[PDB]
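Okay, so here's just one chain, in structure tokens, the form deposited in one PDB entry.
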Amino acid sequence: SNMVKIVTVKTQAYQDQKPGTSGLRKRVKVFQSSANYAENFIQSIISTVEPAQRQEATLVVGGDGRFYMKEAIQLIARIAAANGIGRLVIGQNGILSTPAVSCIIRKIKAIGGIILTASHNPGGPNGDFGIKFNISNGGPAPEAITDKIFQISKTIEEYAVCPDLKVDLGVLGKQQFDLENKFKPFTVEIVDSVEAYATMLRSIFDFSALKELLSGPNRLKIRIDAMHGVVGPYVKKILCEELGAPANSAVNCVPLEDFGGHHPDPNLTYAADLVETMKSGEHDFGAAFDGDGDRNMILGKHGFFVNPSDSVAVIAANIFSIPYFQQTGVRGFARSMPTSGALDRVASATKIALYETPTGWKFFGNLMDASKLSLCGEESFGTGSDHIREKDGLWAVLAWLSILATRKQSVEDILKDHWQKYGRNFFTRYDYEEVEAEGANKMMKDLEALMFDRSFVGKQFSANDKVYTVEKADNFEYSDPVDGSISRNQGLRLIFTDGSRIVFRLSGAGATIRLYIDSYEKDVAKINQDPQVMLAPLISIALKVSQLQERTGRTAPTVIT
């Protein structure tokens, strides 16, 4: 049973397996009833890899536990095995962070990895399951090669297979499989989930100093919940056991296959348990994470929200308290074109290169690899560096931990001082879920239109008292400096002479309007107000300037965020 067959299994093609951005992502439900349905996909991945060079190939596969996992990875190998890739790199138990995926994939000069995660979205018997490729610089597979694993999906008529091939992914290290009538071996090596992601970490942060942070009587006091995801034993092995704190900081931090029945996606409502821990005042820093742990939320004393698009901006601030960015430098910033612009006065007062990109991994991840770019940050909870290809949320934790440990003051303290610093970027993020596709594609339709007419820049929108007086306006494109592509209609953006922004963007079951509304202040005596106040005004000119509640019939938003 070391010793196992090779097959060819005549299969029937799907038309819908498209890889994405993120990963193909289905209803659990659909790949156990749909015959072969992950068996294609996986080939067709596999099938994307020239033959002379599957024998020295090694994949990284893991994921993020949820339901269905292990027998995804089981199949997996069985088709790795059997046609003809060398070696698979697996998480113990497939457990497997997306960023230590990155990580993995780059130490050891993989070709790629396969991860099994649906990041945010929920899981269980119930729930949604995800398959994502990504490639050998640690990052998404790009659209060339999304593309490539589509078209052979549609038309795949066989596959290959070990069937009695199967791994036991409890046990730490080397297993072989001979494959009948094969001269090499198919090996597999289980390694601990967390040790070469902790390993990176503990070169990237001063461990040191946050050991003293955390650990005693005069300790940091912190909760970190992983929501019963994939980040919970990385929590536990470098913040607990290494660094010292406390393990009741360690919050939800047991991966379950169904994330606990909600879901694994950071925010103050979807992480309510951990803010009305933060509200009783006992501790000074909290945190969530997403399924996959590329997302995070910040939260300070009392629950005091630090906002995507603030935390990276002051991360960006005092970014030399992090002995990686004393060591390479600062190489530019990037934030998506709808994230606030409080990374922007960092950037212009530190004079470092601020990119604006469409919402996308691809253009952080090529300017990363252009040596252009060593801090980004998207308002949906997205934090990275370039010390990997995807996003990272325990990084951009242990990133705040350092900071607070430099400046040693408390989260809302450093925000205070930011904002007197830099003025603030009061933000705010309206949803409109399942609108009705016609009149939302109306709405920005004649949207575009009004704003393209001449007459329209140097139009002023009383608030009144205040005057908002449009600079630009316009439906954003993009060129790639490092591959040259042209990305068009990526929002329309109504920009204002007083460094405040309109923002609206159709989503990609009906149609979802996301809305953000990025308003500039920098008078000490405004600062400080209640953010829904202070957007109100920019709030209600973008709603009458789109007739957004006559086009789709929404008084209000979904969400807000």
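Only the largest set of C-alpha atoms that superpose within 1.5 Å between the two forms is called the rigid core. Residue numbers count along the first chain shown, from 1. What changes on going to the form deposited in another entry:
- The only C-alpha among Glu241, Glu433, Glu356, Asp192 that moves by 2 Å or more between these two forms, given a superposition on the rigid core, is that of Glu433.
- Core-superposed comparison between these two forms: the C-alpha position of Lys279 differs by less than 2 Å.
- Once the cores line up, the CA of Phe476 ends up less than 2 angstroms apart between these two forms.
- Relative to the superposed core, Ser371 undergoes a C-alpha shift smaller than 2 Å between these two forms.
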Contents of the next structure:
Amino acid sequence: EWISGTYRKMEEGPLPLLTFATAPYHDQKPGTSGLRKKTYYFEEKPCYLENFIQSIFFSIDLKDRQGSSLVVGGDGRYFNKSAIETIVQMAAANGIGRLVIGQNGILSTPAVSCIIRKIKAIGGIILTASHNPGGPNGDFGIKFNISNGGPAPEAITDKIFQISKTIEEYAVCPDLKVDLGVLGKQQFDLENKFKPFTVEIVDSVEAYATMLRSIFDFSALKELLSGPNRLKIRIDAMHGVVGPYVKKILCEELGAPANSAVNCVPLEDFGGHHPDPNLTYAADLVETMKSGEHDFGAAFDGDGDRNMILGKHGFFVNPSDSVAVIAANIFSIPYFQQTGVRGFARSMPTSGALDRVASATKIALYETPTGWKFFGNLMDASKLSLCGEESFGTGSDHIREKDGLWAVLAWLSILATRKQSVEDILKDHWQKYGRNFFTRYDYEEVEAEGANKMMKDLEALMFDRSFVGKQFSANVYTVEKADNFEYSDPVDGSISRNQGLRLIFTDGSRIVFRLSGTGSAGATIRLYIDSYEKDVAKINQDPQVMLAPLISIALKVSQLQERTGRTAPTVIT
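What's the form deposited in another entry like, now that we've got the form deposited in one PDB entry?
Single chain only below; no partners, no other molecules.
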């Protein structure tokens, strides 16, 4: 009971704050999605976690750090609870005034972005490796968000890397034990300090659910998913963090059956499966959808910022299309009614399906590089309201992270509005704006410098006067513009180069080659292919059949097979 903990704290007295010596590491550079390593890096290596955490604290100014509030939460993967305890003790020893932590450490990435902005916190620490597998032999990550609720920009992350490279002492409160299970306030008496330290354990779902409740019309959702004539659906949480949100939001408040949700219990190893939503890693969901029983299926990733949208019989609306449908009927969501369409954005590898809705509605569209930085830059300038990434990313400017369950609720709102099946909505959209046949091949973990050699030699081949205008086909395309995609940010003036080789032809079709920044050992080659078609006779056809020429040209030009040794892609989406 609470009384036992209170009396215990009273008898043990004030908790000491102590400095301990440490040695720095070399690979604590936070990437596009924080700092991600294998779990043993954080669980077994001495003071790895402590070094990184204290680097994060040092990256925050002392003024903003004394007395301020910080959100802490994660996707409930292995080691998250222990690392959260360490974060609590260090925060207590580092002048933080209050930690708002999700119950049992559970807090989806959009939930953290939401709470940060709501409680006016100086930032948040997210214990997630996103779509990467968890468990003792899995992966583990730490993502630092700032006061706008979004990821820490390159300045902050670089400061954390620099500080981490030379750090030699940290502060911790080792006698501090905190129960992450019981909701409510939890105060701690610290030695040599006058103000008590506060750990507030909040519901993992409540605030997020309130935000969705003010974004969507939950009456229409209740009538759609709740009644006897309900729209049969199946939501696969992949044993990820979105489980509690699915159950408390869609099932409890919105009234959909409890057997509508599956795998809605977050497991520290994500049930052994890969917490990534796509047709390859969500086989159970597509095969359950293959019997012709539900009209809408959806999957999420580990931390809840990605989503997969499926229709009846397993119909697959690829992310690049999903964001274009949401844009095409964006005014079915009360939130965008309130804000208006501030702008549209997509990453360069993402198909141009959104571009067509932007051109038809006279709305600015920004083709940004891979990553959140540019999307947040645009959102803070009131120049972006809906954005999406091909990597199953969909989000708006309601927060500063992408949001999977938000995209699902948007799809249910537009389903209830248009009163059609997903396949009908998609087909009508294709005939309305034309179809962007899209595919992406991932060649996972190939020996680098073979891939880098393919990129350098490929780019040299692309910049040649005897290249622009050359004929290719496999029973015809002619090169129009080959380059290394550069992007100038129109908000802060930042310039970004490489970002992926582009082959654009005269029919609008594009072949993009990108080296991954998500990877650990070696390198991952990503091949995107995007071909447009308006001839409504050709709007419907098998995309892997419709695209096969462009694929053959992509590997024949890149010499992928001869330089990597691989004969088939690791995953096709």
